[PDB]
Amino acid sequence: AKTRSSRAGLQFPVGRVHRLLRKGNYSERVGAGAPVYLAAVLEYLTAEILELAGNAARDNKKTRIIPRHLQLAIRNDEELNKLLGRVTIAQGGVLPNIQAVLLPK
Amino acid sequence: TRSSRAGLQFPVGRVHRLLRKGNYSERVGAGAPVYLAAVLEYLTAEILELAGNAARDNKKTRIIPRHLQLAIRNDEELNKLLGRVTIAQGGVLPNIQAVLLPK
Amino acid sequence: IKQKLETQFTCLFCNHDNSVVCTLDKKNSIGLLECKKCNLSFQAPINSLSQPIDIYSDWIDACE
Amino acid sequence: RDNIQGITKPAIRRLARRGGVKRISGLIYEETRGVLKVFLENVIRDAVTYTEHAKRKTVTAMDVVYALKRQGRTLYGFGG
Amino acid sequence: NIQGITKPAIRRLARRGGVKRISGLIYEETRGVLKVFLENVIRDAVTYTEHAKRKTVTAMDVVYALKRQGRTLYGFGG
Amino acid sequence: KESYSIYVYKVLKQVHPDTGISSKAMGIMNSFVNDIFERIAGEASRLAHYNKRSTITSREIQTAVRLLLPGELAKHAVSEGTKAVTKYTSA
Amino acid sequence: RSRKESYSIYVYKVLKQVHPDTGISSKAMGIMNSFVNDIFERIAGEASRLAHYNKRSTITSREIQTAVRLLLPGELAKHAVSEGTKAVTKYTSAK
Amino acid sequence: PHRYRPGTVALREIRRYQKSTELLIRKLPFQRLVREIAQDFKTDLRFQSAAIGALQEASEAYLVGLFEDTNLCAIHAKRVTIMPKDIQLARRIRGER
Amino acid sequence: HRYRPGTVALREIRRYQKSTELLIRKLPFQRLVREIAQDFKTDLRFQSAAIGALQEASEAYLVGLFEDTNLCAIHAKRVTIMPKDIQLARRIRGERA
DNA sequence: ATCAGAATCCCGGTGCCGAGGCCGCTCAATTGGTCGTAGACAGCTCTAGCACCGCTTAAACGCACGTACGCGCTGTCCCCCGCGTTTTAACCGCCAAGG
Ligand SMILES: [Zn+2]
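Residue numbers (PDB author numbering), protein chains in the order written: chain g, 14 to 118; chain c, 16 to 118; chain M, 15 to 78; chain b, 23 to 102; chain f, 25 to 102; chain h, 31 to 121; chain d, 28 to 122; chain a, 38 to 134; chain e, 39 to 135.
What the hints contain is simulated information worked out from the structure, not anything from laboratory work.
The beta-carbon is built from N, C-alpha and C at its ideal position, and this holds for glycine as well.
Any given hint could be a false lead.
Pairs of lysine-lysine, PhoX-like flavour, derived with a Cα cap of 20 Å [to be verified]: (1) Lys18(M) with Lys51(M); (2) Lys79(a) with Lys75(g); (3) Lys44(b) with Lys31(b); (4) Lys79(e) with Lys105(h); (5) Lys41(M) with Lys16(M); (6) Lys31(b) with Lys59(b); (7) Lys54(d) with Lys40(d); (8) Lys36(g) with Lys105(h); (9) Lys18(M) with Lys50(M); (10) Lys115(a) with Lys44(b); (11) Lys75(c) with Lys43(d); (12) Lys50(M) with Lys16(M); (13) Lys115(e) with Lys31(f); (14) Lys79(a) with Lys59(b); (15) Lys91(b) with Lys43(d); (16) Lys91(f) with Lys91(b); (17) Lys50(M) with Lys77(f); (18) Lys43(d) with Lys74(c); (19) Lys118(g) with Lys44(b); (20) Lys54(d) with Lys43(d).
Here are the simulated distance ranges between beta carbons [claimed, not checked]: (21) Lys118(g) with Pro109(c): 45 to 51 Å; (22) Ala60(g) with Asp75(M): 54 to 60 Å; (23) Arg35(c) with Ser55(M): 42 to 48 Å; (24) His30(M) with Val45(d): 54 to 60 Å; (25) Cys28(M) with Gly28(c): 43 to 49 Å; (26) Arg83(h) with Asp24(b): 55 to 61 Å.
A few chain h residues facing chain f, derived, Cβ under 8 Å [as the list claims (entries may be wrong)]: (27) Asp48; (28) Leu77; (29) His79.
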């Protein structure tokens, strides 16, 4: 395997990330395992949240993910919601919060 | 020293050093640390000036940190600055909701 | 009352000798080995007859 | 001028309903206008300051993104 | 354990807060929220010391963990 | 000026392989990815300057991912990262 | 013996300027050192973001000015900008 | 006719606006208010539309959060009618003075 | 004889807004913190200054959260605290989901 | 109002201790000198921000009108304040098993 992405069996460009670290004014030198490690973490985070995205979009018989799907999938998670607490999505809205004092009883 | 050559009180070259070792950029200009040092100098002047007035209030000579927290909590813009800031031996505003005062 | 005893045993991990402390709680039948150096901890059940050599023996078998 | 009064009561109603608010008092609307105004004051002050150092007389979406990240009210969606 | 928190301690917490009149279940609720607070704080503090490869948590790491939760505290060299 | 679009497509085909996406959904995703990358990287730079270590290896990245994400996500991420380290180190 | 840092003597002199008849506690001096640390760090972080949202890596005083009036609230900020600008003139007018 | 002593109107429109996706404040008057605030610190500034849309987005989100905590303040007040000092208490706790 | 209630509490509020000394004394707080950390890492020592830092931050944290909770109850047309008030304040700040 | 009496404030007092002066070092600021490209600047080009209007229409405004949660009041009942009474979280000195 010529490319390090094929040498990692992953989907992200590592030397991209290493140049980002170099053109970051982050450290002075950057080792060889840290960019691979961080890119793998990124790839796991993408796949993990896109799981909840897939189920949340499948909730409404629509092949395409909309932003409302993403906000729903975040707020229906616990770890991602405490992750994204200061965070707002464009075209998001919020959850159905109908209080029990409101329904006609 | 450039600070004396700027007629100020904070050491320039220490700050110039810390800007280098902070990975703050790739290159560092000439007088940017002078400007930053003067900013620091006026900030601490204003803060400790109000602290001096706080010691004038209690008629204390040595500054206790309670003076510092009080002078932070009195002024508007300073308290909006240091909103997420707390200090050990701080305390709070001597404050009473008069709706809980008796009749 | 708990018994806090120093021993002359060698820690199976950090290899510092005379640095293993044994805390034997007989009220709940729980013995505790502690390393004063690298800071590891091992727990094992104890009876009423046990002594620092009884749980340190159980720690040797728990590794192997 | 007076676009602060361009805020309509039915818009405040719609915001309350997606906000989930059932019952609306009458002394609410101008208070709402004032809070919205102070919010947007601090926002556009910081965005224009970012554009002041940009040496370009036009403010971008990226500018407003960076400025609201500075406030910690950080919003995604448009890149930045 | 958690019951080392005395009732007049949380009362004194109301007093420096300036709170007058006290209910019942307040005490256990207080101990719970204090617990979760210290849980997150000391968790990432020990994470700092894990990276430190050292067997004592520094006061520095405590300060930096407070910064990491946006809870910046002066006073003790931070 | 590159976005991460086909990377998202390949992750998506690896997870829900019969799923479309809108444009602005991809935009919010890349906003998300950039935010996360910046937060971790800056926290690693804090690790360096709080620890006087003139470079950064993978161990710093592991402890920073611990410092940001909570428990279950953190442990699974540490697992995935070490597995990637393993397979890249083997070849 | 490793040599540690403080900013105590500097702000100490400044305190002696603005109030000659005034003492201070040691812990509060450490607090002020932490204060300078915190303000400096927020400024420098805004400077790095100034760099990356300007795609430049040189730092001049102009960036420091725009950083300060990004962080600090208005009236205080403008007074501080005035102090810094007059200091820039007094220094760079001479050597 | 079918006048309907109330209850279905408000909650039904809540159901509609939470089925909804898009904005509520319409574009032009909000834009003109933005430019009036903008005409105060540096004159004569030009804008791209996506900035304004982001401003509108975050504005409505900010007010939605205000309304949510205000709503819970009212529910704790054993009332459904909101009050202004509800919003003042909410912003007191949010530290946004 | 007997004093009438509410008075001594406010008098000691005026007393306890003065000394910024630590309210929870040391040893039990230290035991609680030690019993907590142990759950994250066994055999862990603590710099005593760090313990004082934890103590300071914890006490100021709880005092401020009490202040917001107290103002919630004052808004709630009452004087006495409730646990639901703490839930309301925390729901505004956003600790719990 | 109004007195008695708790509660607190506030004034010498002394003591002790750390803030501050002070003093002899040495290592980073300085001083000076030498490459170098980043950027301050000149200038080219085409986009897009702006302004304007005509047409469409759905959205706001005013009012008619009941009405029903908000609220002031009430009684009530209960359960925290507080002051009193033990009482138990912390450390200090002779026993009677070892060696
Ligand atoms: Zn060991």
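Assessment of proposed distance window 45 to 51 Å (beta carbons of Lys118(g), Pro109(c)) = holds (48 Å)
Close enough to count: is the Cβ of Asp48(h) nearer than 8 Å to one in chain f?
-> violated (40 Å)
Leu77(h) as an interface hint toward chain f, with CB separation required under 8 Å | holds (7 Å)
For the pair supplied as a hint, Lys91(b) and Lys43(d), is the alpha-carbon distance within the 20 Å limit?
-> violated (40 Å)
Regarding the pair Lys79(a) and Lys75(g), is the alpha-carbon distance no greater than 20 Å?
-> violated (47 Å)
Is it true that the CA of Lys54(d) sits at most 20 Å from the CA of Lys43(d)?
-> With a Cα-Cα distance of about 17 Å, the restraint between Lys54(d) and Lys43(d) holds, given a limit of 20 Å.
Holds or violated: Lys115(e) to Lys31(f), with C-alpha atoms at most 20 Å apart | violated (25 Å)
Can the restraint linking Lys43(d) and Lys74(c) be considered satisfied, given a maximum Cα separation of 20 Å?
-> holds (18 Å)
Between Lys115(a) and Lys44(b), does the CA-CA distance stay at or below 20 Å?
-> holds (13 Å)
Satisfaction of hint between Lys105(h) and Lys79(e), Cα-Cα up to 20 Å | holds (16 Å)
Distance restraint between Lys54(d) and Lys40(d), which requires alpha-carbon spacing of 20 Å or less = holds (17 Å)
Are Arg83(h) and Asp24(b) spaced within 55 to 61 Å by their CB atoms?
-> holds (59 Å)
Checked against the numbered hints given earlier, the structure breaks hints 2, 8, 13, 15, 22, 27, 29 and satisfies all the rest.
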